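**Q** Now for the letters of each chain:
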Amino acid sequence: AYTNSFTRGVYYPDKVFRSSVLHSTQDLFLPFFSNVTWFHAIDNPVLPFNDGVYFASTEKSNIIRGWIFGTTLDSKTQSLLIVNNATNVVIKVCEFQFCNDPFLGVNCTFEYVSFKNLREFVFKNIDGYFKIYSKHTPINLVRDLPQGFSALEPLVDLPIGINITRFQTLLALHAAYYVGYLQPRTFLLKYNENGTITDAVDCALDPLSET
Amino acid sequence: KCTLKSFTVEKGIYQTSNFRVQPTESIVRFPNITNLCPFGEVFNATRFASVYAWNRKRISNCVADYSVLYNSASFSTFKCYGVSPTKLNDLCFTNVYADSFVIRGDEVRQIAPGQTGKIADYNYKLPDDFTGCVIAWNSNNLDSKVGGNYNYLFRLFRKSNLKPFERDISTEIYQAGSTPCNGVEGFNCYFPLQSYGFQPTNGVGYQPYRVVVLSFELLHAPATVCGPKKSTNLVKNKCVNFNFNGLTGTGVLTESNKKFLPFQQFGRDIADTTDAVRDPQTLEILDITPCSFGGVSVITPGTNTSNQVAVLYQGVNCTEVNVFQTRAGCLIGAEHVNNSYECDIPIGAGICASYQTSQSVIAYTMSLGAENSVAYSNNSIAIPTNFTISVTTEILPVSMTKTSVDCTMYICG
Amino acid sequence: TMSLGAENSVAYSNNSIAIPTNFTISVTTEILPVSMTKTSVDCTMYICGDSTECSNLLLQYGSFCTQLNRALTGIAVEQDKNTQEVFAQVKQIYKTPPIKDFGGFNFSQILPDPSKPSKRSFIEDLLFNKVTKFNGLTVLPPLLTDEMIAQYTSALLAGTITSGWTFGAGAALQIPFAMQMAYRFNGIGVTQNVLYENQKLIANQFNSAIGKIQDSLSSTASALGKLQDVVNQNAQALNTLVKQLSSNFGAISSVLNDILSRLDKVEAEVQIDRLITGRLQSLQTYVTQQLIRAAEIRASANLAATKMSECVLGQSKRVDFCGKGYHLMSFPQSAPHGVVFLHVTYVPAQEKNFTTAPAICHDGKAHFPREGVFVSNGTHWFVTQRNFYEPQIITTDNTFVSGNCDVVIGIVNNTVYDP
Amino acid sequence: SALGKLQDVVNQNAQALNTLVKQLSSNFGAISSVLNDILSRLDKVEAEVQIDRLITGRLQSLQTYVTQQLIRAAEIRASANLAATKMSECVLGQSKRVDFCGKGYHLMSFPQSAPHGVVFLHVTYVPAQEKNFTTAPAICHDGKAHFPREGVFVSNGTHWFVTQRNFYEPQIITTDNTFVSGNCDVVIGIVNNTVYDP
Ligand SMILES: *[C@@H]1O[C@H](CO)[C@@H](O)[C@H](O)[C@H]1NC(C)=O
Ligand SMILES: *[C@@H]1O[C@H](CO)[C@@H](O)[C@H](O)[C@H]1NC(C)=O
Ligand SMILES: *[C@@H]1O[C@H](CO)[C@@H](O)[C@H](O)[C@H]1NC(C)=O
Ligand SMILES: *[C@@H]1O[C@H](CO)[C@@H](O)[C@H](O)[C@H]1NC(C)=O
Ligand SMILES: *[C@@H]1O[C@H](CO)[C@@H](O)[C@H](O)[C@H]1NC(C)=O
Ligand SMILES: *[C@@H]1O[C@H](CO)[C@@H](O)[C@H](O)[C@H]1NC(C)=O
Ligand SMILES: *[C@@H]1O[C@H](CO)[C@@H](O)[C@H](O)[C@H]1NC(C)=O
Ligand SMILES: *[C@@H]1O[C@H](CO)[C@@H](O)[C@H](O)[C@H]1NC(C)=O
Ligand SMILES: *[C@@H]1O[C@H](CO)[C@@H](O)[C@H](O)[C@H]1NC(C)=O
Ligand SMILES: *[C@@H]1O[C@H](CO)[C@@H](O)[C@H](O)[C@H]1NC(C)=O
Ligand SMILES: *[C@@H]1O[C@H](CO)[C@@H](O)[C@H](O)[C@H]1NC(C)=O
Ligand SMILES: *[C@@H]1O[C@H](CO)[C@@H](O)[C@H](O)[C@H]1NC(C)=O
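These protein sequence lines are chains A, B, C and D, in that order. If you use full-length UniProt numbering, the first sequence corresponds to residues 27 to 68, 80 to 143, 165 to 172, 186 to 245, 263 to 299, in order. If you use full-length UniProt numbering, the second sequence corresponds to residues 300 to 620, 641 to 676, 689 to 744, in order. If you use full-length UniProt numbering, the third sequence corresponds to residues 696 to 827, 854 to 1140, in order. If you use full-length UniProt numbering, the fourth sequence corresponds to residues 943 to 1140, in order.
In isolation and in its complexed conformation, chain A is listed as follows:
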């Protein structure tokens, strides 16, 4: 299955305040109108990670609750495991072994701890640092990933030093989710009077956006 990504998945590029200004930046971003892959859990395979991932879910009862990242995912080498329920988060890079069907029932060189709704996330890996950005918003459209703009804000940055080429989501059992891949892109970002990134241009989308 497939759908249009629209303008989703912009995130705050740096921890600097700016206002009433059109800042231009190059980074790993989800391109505008990119071809988003769509999955229905009510459906969590291993997937390539490429240059990083945008991930999102339309939400009503919080069914989607974690992720795996790494290469062979079979205890021969390390894997970054992330497990979440919004009150708590658990993260480790151990040489884990995984089953036929990774799900949640309702050398660890690093370890770390902490429809009605649309949840958006971005995952990227640069110079051994692994980074996560986030957003949540109420919605009324049940059908599909909504047209409109709202930027993702940073949460987590981990100095793990470990290679990633594949990833997989984790599901709760006694709901649908989206995937798109980031690319190296240049974006023009509209910081408003309150420092909200209210709008953007993907400079490589079309000749008008390049203008």
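What you were told as hints is all true, and nothing was included just to trick you.
SDA-like mimics (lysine to any residue), calculated; alpha carbons at most 25 Å apart, straight line: (1) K187(A) with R102(A); (2) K733(C) with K947(D); (3) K304(B) with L945(D); (4) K1045(D) with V1065(D); (5) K41(A) with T581(B); (6) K129(A) with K462(B); (7) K558(B) with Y279(A); (8) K1045(D) with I788(C); (9) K964(D) with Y741(B); (10) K964(D) with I742(B); (11) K733(B) with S758(C); (12) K386(B) with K986(C); (13) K964(D) with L1001(C); (14) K304(B) with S750(C); (15) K986(C) with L368(B); (16) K776(C) with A1016(D); (17) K854(C) with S968(C); (18) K986(C) with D364(B); (19) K529(B) with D979(C); (20) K310(B) with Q779(C); (21) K310(B) with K733(C); (22) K202(A) with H519(B); (23) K854(C) with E554(B); (24) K129(A) with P337(B); (25) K1045(D) with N1023(C); (26) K129(A) with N360(B); (27) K1038(C) with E1072(C); (28) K535(B) with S45(A); (29) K202(A) with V83(A); (30) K933(C) with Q1071(C); (31) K733(B) with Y1007(D); (32) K1038(C) with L1034(D); (33) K41(A) with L54(A); (34) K535(B) with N282(A); (35) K41(A) with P521(B).
Sample of chain C residues facing chain B (criterion: CB under 8 Å; computed from the structure): (36) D745; (37) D775; (38) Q787; (39) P862; (40) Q872.
Keep in mind the hints are simulated off the structure, nothing from the lab. Don't be surprised by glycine CBs; every beta carbon is placed ideally from N, CA and C.
Following the hints, complete the assembly by docking chains B, C and D with the ligands onto the known chain A.
**A** Using the frame of chain A, we list chains B, C and D with the ligands on its own:
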């Protein structure tokens, strides 16, 4: 006189060196954290890693006295990149990552940005814009043994080179060619790791050396590691010299309405100059405004006629500096006049100055000329009954001095 | 493929002339830049940001910084001279009488309104609405305030209305405005009675042409494009100079206080010298392009000063100088960094074709018109003024003889009356 | 005080050459600003670095001089094109252009040479002793409107005269100094005087 390189001064207005308000006080605001960083658990540690599997220690939430490191005789090398060790005591960082391992004394030169070779490519790669220090010392009295200390290893083979801070503990047999290796050694099929086997009799390049590399998380993010420094009271609405988390400057700090999102520590202008900050102890957003400045113009009749003088502080308000406020700036030594006259020396924003009656420099709103109601009506004409021949002189430039520069003789003598 | 315009076969023959039977009074707005914002960049504080360390490295370069301040100061003093040469062409501040007895012409939109905090005209209030600091950069005020510029445009305009051109050549001599316009008609070769006989029409054509200026200026945001372009060029130049503070030029940072708070002096000097070299080159690029741009604004201020003298203080014979059509008159209106001329021009507008012959035979003598053209309706021959169809009976008072009938290529046999 | 236009051309070119000469004494970041001093203290491997800073700075200093002389030459050329136009229009001619050749109505001009320039002695007619009169755009004779051929109608208070515009010279109003056009009733401000028949 000195500005003009001259003993005469002609009638005019002359911009002498500019005015700046000076900072009244110097201010410092670091985080109010109380821990002291665990560097003894690094530099006085019993063990150091095999270089193929270097350790990393996060330093955070603590005071770091780097002078305990660089004042110590214990270290044989202390290179620093993007920083000098002397200045680390005055800086602040989000985190510091201390990376550590054992190598033989010859390999220390591969532990730098821009390097290549087995260590730099297969064991530990620094980013070329590494801001940080490389600290190293001989340990042949600690890390060496009769018959050889084999306990420290390095990676001799990998199929691809490491990216910056990429780490890889894989034990797989290195396949050099067409020969199928399948996890056993043979021709073209080699085990990836080797020992140094340190013996006390080794020459200095083959002796064991300990290494620590300090990598600074130097960012717009809030700090958690900071140098040993006092923090002052905070001053507002008055020009001060300041330091927030090692960002030095000079300006009028004020309270502000800038709606910083919780992750943001600074706000930047078009020039990348910081024009708001968050105080690291009490989380208020302060606007930063430049300390007041402007030109100083000296207003004078010519030295052929008088030596009394007036001064304009351009754009300045007289509270910041006879004294007289104008739209052009604070005007000093001029007599403000209620009359108006033609413009002798132009001050700006409708103001002019002249030397007048017992005499002094006056300053006034300029007169555009006499006001005149022309005696118009639908039937009134004026016709001139007599004339005058004028002979008005006009002067025009036509040429300038022809010059030629032999640029070879000028540049090279 | 672009069109150069509509095609036109001009209906030429050795005997066909078109004479225009009616006119339109055009008012055509011309906009000119006259000045630009008097910037001044403290090159020590731009390059070095109140660092003592950088400020002393900048003394290695000698007088590069003082000749940059000298260049921007000469640009700034020229902008007051550019403004003085355009508007200060009037020696006394003339003012209009209390009663507007101007023969039906209605200047209320271009003369001052007393109610405003600066007494601009209504059209000057439209012009001022349509046209739109910390890194050692400063802006100096102009010598003349916008209220003094409006007193000069009011004095120029009150002299122009009450006295004709005479306030340029001597003291202002009063003259009734409908009599001044009858001189402006002689100045374009239209016999002055054409104005008095069409006076109420001409006054309404002028007043409606002024009404189209209000509607155009109120509605159409692109109207003042030249002044807005000059404002945008100077804003873009400063935003370029300011963003060039954030460039590294090969230093470790573009923030001069990072360099001084991280490096010891022996290394800091090497990195600061890359910033000095690049910022000095950036400021030399800014000042060189502002000298080239000031030379273009000075060329436009010298043109605006020449249109003030020749169009406002005079009436111009120069084709297309004071608007399109034959120039009658012009009025200056102040605008941000510029001047606007409301060029009033006579345009002929309703041609008739006629037969024409260069000379006339009577008693074997060749007659030529003293002032006018010979023309015929098809059977009767009339001498006519050359820019407005008024046929007059051909008579020994409106014609002069030279030679006999034999010499002239196109002469026609006719009667000529003798008074 | 008048000659400040030509004396400023001399002063600007003296200031430009003195700036170019004093800029030889600047280090530009070399050990010295004396080229022979570098070459008499250093061996060539060291000296080439120090000399290249003097070359870089003297080259930039000379490029700055030549660029400001190009911009100043364009400013003097505009003034030479203006002086060549005042020579043609006002020495070789009489200009109808208002305030082109002195304030007042231009009669004539004379060129005098001066250092790096020209001085024009613009001779101009200025009217000097105004007097007020009553005026009217036309005169109603035999029900004909009359208008002046050249000049203006005025009255001393009781009698009507025509004059040229720029010098009071009252002439009796006659069919030689006036032309007819139509009936009186069209004209805003016509007056019921006589007109004489010569
Ligand atoms: C996504 O890609 C497929 C081909 O793999 C194409 O048929 C489909 O139309 C694309 N959808 C969008 C939203 O572009
Ligand atoms: C969240 O998960 C943790 C284990 O990861 C568990 O201890 C905790 O009780 C859970 N809380 C909720 C609200 O589900
Ligand atoms: C951890 O790594 C070591 C080598 O460093 C290896 O011998 C060991 O088998 C690994 N641990 C597990 C649980 O396999
Ligand atoms: C900025 O935020 C305030 C609330 O903090 C809000 O009232 C205001 O409308 C916002 N402005 C804009 C342009 O959204
Ligand atoms: C740190 O700052 C807070 C104010 O934000 C204050 O309440 C607290 O007592 C301070 N702690 C120390 C150790 O100074
Ligand atoms: C200038 O000063 C001298 C004396 O130094 C004096 O003789 C001369 O008259 C003065 N000239 C003017 C124009 O004031
Ligand atoms: C000058 O500064 C004082 C504050 O020091 C302020 O009260 C006053 O309004 C200012 N006046 C002007 C004209 O800037
Ligand atoms: C200026 O004139 C006003 C009265 O119009 C008077 O109050 C004021 O004191 C005068 N100031 C000076 C400096 O003469
Ligand atoms: C004049 O006559 C010619 C006859 O061919 C015609 O083409 C032209 O349009 C006429 N022009 C006017 C103004 O009547
Ligand atoms: C004018 O031209 C016509 C032909 O177009 C010709 O018949 C006639 O003779 C010419 N007249 C003169 C005076 O040349
Ligand atoms: C003309 O007459 C008016 C009458 O009010 C008078 O004000 C004006 O000064 C007179 N002008 C001349 C030049 O006589
Ligand atoms: C001139 O104006 C007055 C009122 O100011 C009026 O009474 C008179 O009739 C007018 N005369 C002419 C000739 O328009």
